[PDB]
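All chains, please: the whole structure from these sequences, using the hints.
Here is how the chains run, residue by residue.
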Amino acid sequence: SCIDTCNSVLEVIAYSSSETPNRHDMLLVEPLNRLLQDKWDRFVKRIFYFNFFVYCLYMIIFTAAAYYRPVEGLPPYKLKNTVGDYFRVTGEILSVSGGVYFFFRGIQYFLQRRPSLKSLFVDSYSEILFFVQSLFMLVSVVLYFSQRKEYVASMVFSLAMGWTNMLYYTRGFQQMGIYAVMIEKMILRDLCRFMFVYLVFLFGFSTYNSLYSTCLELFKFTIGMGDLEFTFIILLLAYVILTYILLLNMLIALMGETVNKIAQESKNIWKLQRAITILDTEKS
Amino acid sequence: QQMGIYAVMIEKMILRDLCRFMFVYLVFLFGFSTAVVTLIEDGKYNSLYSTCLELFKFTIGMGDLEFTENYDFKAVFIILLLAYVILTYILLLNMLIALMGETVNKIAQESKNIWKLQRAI
Ligand code: NA
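Protein chains in written order, with the entry's author numbering: chain A, 385 to 390, 393 to 593, 627 to 650, 659 to 711; chain D, 560 to 603, 627 to 703.
Just to be clear, a hint being listed does not mean it is correct.
Calculated from the model, a selection of chain D residues having no Cβ within reach of chain A, i.e. all distances over 12 Å [as the list claims (entries may be wrong)]:
#1 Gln560
#2 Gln561
#3 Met562
#4 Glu570
#5 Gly590
#6 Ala594
#7 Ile599
#8 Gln691
#9 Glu692
#10 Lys694
Straight line, CA to CA, 27 Å or less: simulated BS3-like cross-link-like pairs of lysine-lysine [what the hints assert, rightly or not]:
#11 A:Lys688 with D:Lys688
#12 A:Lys535 with D:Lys688
#13 A:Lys639 with D:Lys603
#14 D:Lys571 with A:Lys688
#15 A:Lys535 with D:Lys571
#16 A:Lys694 with D:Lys603
#17 A:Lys639 with D:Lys688
#18 D:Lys688 with D:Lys571
#19 A:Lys694 with D:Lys656
#20 D:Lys656 with A:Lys571
If you are wondering where the hints come from, they were derived from the structure by calculation, not from laboratory data.
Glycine residues also receive a C-beta, built at the ideal position from the N, C-alpha and C atoms.
Shown next as structure tokens:
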């Protein structure tokens with residue numbers, strides 16, 4: 385009573403404000419975990435798999451349509467009486483339809499949920515990312531019909547975001563879903579700290628008579644491609668010792684520490700994500 | 560005993576960590592390669631295979647960051663390459679090392695028992 389559906395307990399815990407002390411732990415309570423697993427294995431596994439298949443088809447069609455884009459200049463491009471041109475245009479139409487679908491789904495989520503502008507950009511990262519991909523697609527359409535070739539820039543950012551968003555569907559499989567929660571926690575905590583310090587050091591040591632060229636040359640060192648003679660020796664050696672040999676290995680060590688302490692927290696967050704998916708599937 | 564346990568650990572790492580890592584890494588690589596090759600107008627790297635190989639070179643410490651110039655919007659190309667590098671090389675490959683360390687920490691007894699069962703067989 386008032387657990388399955390009512393303010394129901396599951397809808398209270400799942401849609402919490404992200405300040406609740408134990409939002410991730412309240413789902414480990416005896417009857418709730420077994421109820422969510424029952425709902426999953428009964429109907430939400432199949433629905434979620436169908437959604438994943440539909441998204442994979444959408445991304446495949448979008449990739450195919452963008453791959454075979456014409457190179458003539460100043461769109462729109464007139465369609466030729468060729469089967470290939472009829473496949474390309476239908477793929478483009480499907481891509482634009484999916485973008486509109488995701489834009490409207492993001493608007494509906496921001497309306498019915500009313501995030502408080504902090505949990506907006508501190509929780510619900512999936513919704514924002516899909517919405518941002520849809521925004522890129524719509525901006526691409528607008529630029530395309532304005533006779534601007536910058537439509538391709540917006541389209542390729544929509545494609546890389548859409549392919550990186552496939553990591554959303556790792557939830558629904560425990561091992562991959564927890565690995566993806568651990569990727570989120572690495573990005574928010576270790577990559578952020580390392581990137582701040584690393585960027586400060588890089589900009590200082592970079593400050627080839629242009630700032631951009633020298634910054635790129637010094638960044639090549641981070642990826643194992645540094646020249647040491649690209650165009659001084661003490662500065663380059665100091666930069667190498669402080670970034671490559673110290674800061675990048677320290678990042679590995681801190682990543683090892685994080686993984687050791689987030690094991691239980693990563694599983695709870697994945698379970699909460701799947702509970703949110705199960706509630707969304709039930710409501711819609 | 561020592562080489563036996565080492566091989567068992569290799570088996571466990573191939574089945575768990577390499578698998579999870581390869582799935583996420585291949586998804587990222589294909590997405591970023593489809594974006595880069597779409598941005599490219601023409602030339603030597628206007629094929630999916632060529633761009634995929636160029637972006638995979640980054641994983642092995644041989645990435646160019648300037649392997650082509652047949653495009654418009656150089657900013658778009660640089661941003662895509664930097665995003666791919668930050669997401670794979672600096673994050674995912676180090677996370678793999680960190681997850682491999684955890685696995686080593688947690689599979690000593692399991693790896694010795696499996697080796698003993700192998701020798702019994
Ligand atoms: Na190298």
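Hints versus structure:
1. Non-interface call for D:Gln560 relative to chain A: holds, since the shortest CB-CB distance, roughly 27 Å, exceeds 12 Å.
2. Annotated as non-interface, D:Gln561 keeps its C-beta farther than 12 Å from every C-beta of chain A; the closest such distance is 24 Å.
3. Against the 12 Å criterion, D:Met562 stays outside the reach of chain A, whose nearest CB is about 26 Å from its own CB.
4. In this structure D:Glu570 is separated from chain A by more than 12 Å, as the shortest Cβ-Cβ distance comes to about 17 Å.
5. Against the 12 Å criterion, D:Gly590 falls within the reach of chain A, whose nearest CB is about 2 Å from its own CB.
6. Interface exclusion of D:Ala594 from chain A breaks down, the closest Cβ pair being 4 Å apart, not more than 12 Å.
7. Once the 12 Å rule is applied to beta carbons, D:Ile599 is inconsistent with being away from chain A; the minimum gap is 10 Å.
8. For D:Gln691, the non-interface assignment is confirmed: its Cβ lies about 18 Å from the closest Cβ of chain A, beyond the 12 Å cut-off.
9. Listed as a non-interface residue, D:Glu692 keeps its Cβ farther than 12 Å from every Cβ of chain A; the least gap is roughly 17 Å.
10. Against the 12 Å criterion, D:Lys694 stays outside the reach of chain A, whose nearest CB is about 22 Å from its own CB.
11. Between A:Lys688 and D:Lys688, the direct Cα distance comes to roughly 14 Å. Compliance with the 27 Å bound is thereby established for this hinted pair.
12. Distance hint between A:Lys535 and D:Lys688 is unfulfilled; the C-alpha atoms sit about 54 Å from each other, more than 27 Å.
13. Of the supplied pair hints, the one linking A:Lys639 and D:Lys603 holds, its CA atoms being roughly 23 Å apart against a limit of 27 Å.
14. Between D:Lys571 and A:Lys688, the direct Cα distance comes to roughly 22 Å. Compliance with the 27 Å bound is thereby established for this hinted pair.
15. With a C-alpha separation of about 50 Å, the suggested pairing of A:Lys535 with D:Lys571 is violated against the 27 Å cut-off.
16. Distance restraint check for A:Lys694 and D:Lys603: the Cα-Cα separation of roughly 46 Å exceeds the 27 Å cut-off, and the hinted pair is therefore not satisfied.
17. Distance hint between A:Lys639 and D:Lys688 is unfulfilled; the C-alpha atoms sit about 36 Å from each other, more than 27 Å.
18. Taken as a hint, the D:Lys688 and D:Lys571 pair is honoured in the structure, with Cα atoms around 11 Å apart against an allowance of 27 Å.
19. For the given pair, A:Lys694 sits about 41 Å from D:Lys656 by alpha-carbon distance, which is inconsistent with the 27 Å threshold.
20. Simply put, D:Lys656 and A:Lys571 have alpha-carbon atoms about 32 Å apart, too far for the 27 Å limit, and the pair is violated.
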